[PDB]
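Excluded from the complex is one protein chain; the other protein chains are retained at their positions.
Labels run A, B, C, D and E following the written order; every chain starts at residue 1.
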Amino acid sequence: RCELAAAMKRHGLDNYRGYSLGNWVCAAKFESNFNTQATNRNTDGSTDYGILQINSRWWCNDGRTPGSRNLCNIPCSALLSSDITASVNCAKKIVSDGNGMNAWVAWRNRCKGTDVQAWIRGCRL
Amino acid sequence: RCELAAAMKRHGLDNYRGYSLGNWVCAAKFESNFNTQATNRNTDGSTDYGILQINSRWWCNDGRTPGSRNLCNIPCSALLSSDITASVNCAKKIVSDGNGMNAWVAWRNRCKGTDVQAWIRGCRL
Amino acid sequence: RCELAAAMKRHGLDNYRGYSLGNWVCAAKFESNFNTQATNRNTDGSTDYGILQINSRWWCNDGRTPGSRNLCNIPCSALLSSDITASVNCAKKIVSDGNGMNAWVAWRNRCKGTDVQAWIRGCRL
Amino acid sequence: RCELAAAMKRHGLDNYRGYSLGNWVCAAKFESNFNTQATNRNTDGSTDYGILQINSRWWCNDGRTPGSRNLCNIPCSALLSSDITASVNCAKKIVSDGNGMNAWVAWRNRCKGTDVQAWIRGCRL
Amino acid sequence: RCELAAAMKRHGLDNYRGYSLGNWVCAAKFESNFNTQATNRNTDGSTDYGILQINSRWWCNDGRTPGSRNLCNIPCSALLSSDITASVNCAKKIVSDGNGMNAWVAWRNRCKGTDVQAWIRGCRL
Partner (left out) sequence: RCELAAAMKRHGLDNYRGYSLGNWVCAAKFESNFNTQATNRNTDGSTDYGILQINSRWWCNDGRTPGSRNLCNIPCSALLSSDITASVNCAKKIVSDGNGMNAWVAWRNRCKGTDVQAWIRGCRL
């Protein structure tokens, strides 16, 4: 009787009503906002669920402008956003001349998720 | 009796009413917003579920403008967005002249998800 | 009796009423917004489910403009969008002259999902 | 100019979704049960309206009777009724012999609903 | 100018979703039970309206009777009723012999609802 057993038994994640990520290699830029888990059980009442609650009867308004000159108004801009480069500008002249303002340029990645290097020698007679 | 058993048993993820990602290699840019999990059980009542709740009777308004000159108004722009480059500008002259403002240029990736390198030698007689 | 068993048993993911991705290699740009999972059980009541809730009786309005000159108005632009480059501009002259503003140019990818390299030697007599 | 005006102006009752009786003379026996007025306005719920609500999984039952003698069982009799005289009896001998148990015998009624006795004398010349 | 005006202006009752009786003469026997007025306005809930609510999993039951003699059982009888005379009896001999147990016998009524006795004398010349 001779038995040489090899078994790379692999199973994924178990998710039950949620946000789930595994084992990650080479994650350069990541963004994951407002991934909320809510369990609401209500009987004979009112439930209000809120993550971002704004109540503003007057918000970011501009007044009356009789006869002004060269006014600049940028209200409530670039709100709840991402990756904004050289944007929403207000001027008379905008000149871009350099070799700059470069984002995420020329990366070199050599990644591996799972590396298994096994040697199984047995049952010599 | 001689038995040499090899079994790379592999099973994926188990997801039950949710957002689920596995084991990732070479993830350069990632964005995943407002992936919410909600379980609502309601009896004899009111449920309000909210992630982004804005209630604004006056929002980002411009007033009356009798006879002004060269006014710039950018209200509520670039809102809840992504990857905005040199945009929503307000000027008289916009000049782009450089060798710049480059995004995510010339990456080199060498990635592997799962690497199995096995040697099974057995049952010599 | 001699048995040499090899079995690369592989099964995919199990998804039950949800958003599910597997094991990914070479993911350069990713975007996945408002992928929500909702389970609503309601008896004798009102349920309101919301991820992005805006209630604005006046929003991004422009006032009356009697006889002005060279006014610029960009209200509520670039909203809930992606990949906006040199756009929604407001000017008198826009000049693009450089060798720039390049996005995601000239990547080199060498990726593999699953690599199995096995040697099975057995049952020598 | 001479005017002698007589007007016995008479109008009946005004009923709006209800039970209404007028002015009654000579009412000997009266019975009016479960004359209910209900106004039900329902939105997103359950309404249960009940005047006489009985919920009885075992009610007025008789058990098993092996070999008894001369048992009398009168369960749940004379229920929600009226004018029951010498009834639902249980015996071996019932003898009625008298000049009695008389109900509502030999009434004398002299009634009037409305009596108007008027004398109009006028305009003598 | 001479005016003699007579007007017996009479109007009945005004009923709005209810139980209404007028002015009654000669009311000997009266019974009016469970005349209920209900106004139910329901939103996002449960309403239970009850005047007579009984919930009895075991009610008025008789047990097992092995070999008894001359047992009398009258459960839950004469319930919510009226005018019950010499009834639901349980015996071996019932003898009625007298000149009695008389109900509502030989009334004399002389009634009037409205009596108007007027004399109008006028305009003598």
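Heads up, the rule we're going with is that a residue touches a chain if its C-beta (ideal position, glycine included) is under 8 Å from a C-beta of that chain, and two chains touch if they have at least 3 such contacts.
Trainee: What does the interface between subunit E and the hidden chain look like in terms of residue numbers?
Mentor: Subunit E touches the missing chain through residues 1-125.
Trainee: Contacts of subunit D with the missing chain: which residues?
Mentor: Subunit D touches the missing chain through residues 13, 18, 23, 25, 37, 39, 45, 63, 98, 100.
Trainee: So which bits of subunit A touch the chain we can't see?
Mentor: Looking at subunit A, the ones touching the missing chain are residues 44-46.
What we mean here is this: only the chains that are shown with their structure count from here on.
Trainee: Of the pairs given as B-E, A-B or C-D, which one copies B-C, with over half of its contacts the same by residue number?
Mentor: Same contacts by residue number as B-C, out of B-E, A-B or C-D: A-B.
Trainee: Counting in whole Å, what is the centre-to-centre distance of subunit A and subunit D, each centre being its mean C-alpha position?
Mentor: So the centroids are 77 Å from each other.
Trainee: So, what's the distance in Å between the C-alpha centres of subunit E and subunit D?
Mentor: 5
Trainee: Touching at least two other chains at once: which residues of subunit E meet that condition?
Mentor: 44-46
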